[PDB]
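The chain that follows stands alone, in the form deposited in one PDB entry, written as structure tokens.
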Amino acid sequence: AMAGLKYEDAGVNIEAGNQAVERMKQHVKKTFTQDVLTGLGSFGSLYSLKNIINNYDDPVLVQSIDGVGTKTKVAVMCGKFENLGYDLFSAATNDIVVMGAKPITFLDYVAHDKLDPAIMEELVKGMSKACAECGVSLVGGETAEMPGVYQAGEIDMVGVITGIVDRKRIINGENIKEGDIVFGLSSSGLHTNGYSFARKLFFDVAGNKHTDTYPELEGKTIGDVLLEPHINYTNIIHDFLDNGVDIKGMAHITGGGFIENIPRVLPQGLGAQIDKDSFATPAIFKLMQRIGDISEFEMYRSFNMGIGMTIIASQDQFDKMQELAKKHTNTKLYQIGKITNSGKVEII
């Protein structure tokens, strides 16, 4: 154009939609193993079973579907999305590793009041990295934009993990006996449960904003502490199993804490006793207990209270476990309790 004139398009720099798509594709592709083949659509892949059939005597397909839950609402209010991909991935895959399954594929669905490609880019970055850390291929996904369904700015994240375990290696708790030990691996916080409650506690009743802190938090913001990611126990559990640790049973500690989650893996009539003083409780829990005037018993009935995964094995497995655990810096191993004849899970 001739000199001395306004640029017509000045101030509008709007990147072609295909740019974000391509970046997401690059992140997803980083998750692919040799077993992946071209799938359907932009993000679709398939998965060859050839290697699985060769490496397993009697392979069984193990699957689980899970959402993040109201933690997303906290992420939205904080404008902090970078840990949610990890939250979702862990929420789903910890639920199959309790059986000794090796995760193979992942798919995700994210629904939005309004789909914002920048936010989606961050979720895909996180989910892809989470997958890549444990050797899982992200083979497909879907999005939905439904402002009439969702409250303003809200989202819902759902994911599905698929894994393989040899039939004879399924860890079911059948061999658990009185006198076996309960071990546990620390959580980072609330993980993926109890956020509706926490949000109301802090932001409704207490009147906080997410950038506030409390003495328990040593300057860390409530938002940052709440948004720490759900720990993925896949790698440490497989380190144990690959090194010959004889794991009799496991329980992923989610809503309802020890009492709700442990009984699932116990043979008829057997109990468990968990010593609550044998492990550290994350500051966020102690803080909620104080601010919300919640009784200690309700807290332990409700929340993981610092243990995200339990492992049941004989005492003589502890040395090998603790040796192996040292290298995994995202979680800590404790001996927290024991299997009894009590017919109940109790916290003491």
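So that the term is clear: the rigid core is the largest set of C-alpha atoms that superpose within 1.5 Å between two forms. Positions refer to the first chain, counted from 1. Compared with the form deposited in another entry:
- Annotation: Cα of residue 329 displaced by less than 2 Å between these two forms, core superposition.
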Contents of the next structure:
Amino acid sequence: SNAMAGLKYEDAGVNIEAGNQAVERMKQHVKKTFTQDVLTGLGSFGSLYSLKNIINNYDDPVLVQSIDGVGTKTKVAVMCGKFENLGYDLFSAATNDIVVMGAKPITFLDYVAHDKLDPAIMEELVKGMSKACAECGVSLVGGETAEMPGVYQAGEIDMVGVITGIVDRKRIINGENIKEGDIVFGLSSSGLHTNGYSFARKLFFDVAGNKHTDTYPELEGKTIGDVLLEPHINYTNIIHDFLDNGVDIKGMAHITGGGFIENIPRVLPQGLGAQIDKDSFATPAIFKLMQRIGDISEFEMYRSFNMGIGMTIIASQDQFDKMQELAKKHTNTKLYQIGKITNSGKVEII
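For comparison with the form deposited in one PDB entry, would you give the structure of this protein in the form deposited in another entry?
All you get below is the one chain by itself.
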């Protein structure tokens, strides 16, 4: 009775076999992200989030949400066989986009799709996401996977994350008070973050013919693979620490694709510009290396890459005092003073 036809097909969301050490390990990573506000939910990784505590404070609590993917960095992780940071990359890629609003991130969900994927690799992705969540008080409340060989090319993966945060309406940061003479501050990046990896991968491994274990003069022993796979920094805690301690941040911009010129204008009031002193901050070795190998102009590098600044903060000069002191405990990034606001209407790098 109840025969099967012997045809080849499967649900996209098929789960990983029962008993695989991976699923329990993943649940253990996920549960470390929970605050006291988390309730049981639906499915293997589903939870709910009680709002009672977080909103007690706000007269008009506002929900702030954003969804983002990792992008082509996945291909480098796969080539190197190192996924330890890629889950963390995903979290930062989504979350920094709401941090700029002054929002407090509270929940995260993720989707990972592929043709085939070793459960061991998934456990590593989840470990990394959960590490990023746990460190800044975000609860990972759900996730999904899809295995679709007729959609994904062999060995390829797409990862998407959705962050949700809360801000009091009157405390939304959107740059409206920015004025000429305000200062541009920058927090260092760890390298490319999650932009530019198609170029990086092809430059080193298809054009130059390197292996990921190779090094170069600029890297002083560190491998190309390791330098490329450094995680996109999670700026949640440092920004929270600044805001919690009364730093008057007037605007922020997360430096992703298209460098300072693409990203800073969003936050500038109409008619205002910015001037960035490129020599005021360190350019990570990986950028210096790519520029040299490729015979790429300064102009074009700054057009495309973050060049060492992953987040910008606009505030009056006298806020540097408090920021510098507060930044010391945050050892994953470095605070610089990098520029100033002008009445040019343009972002200029000098």
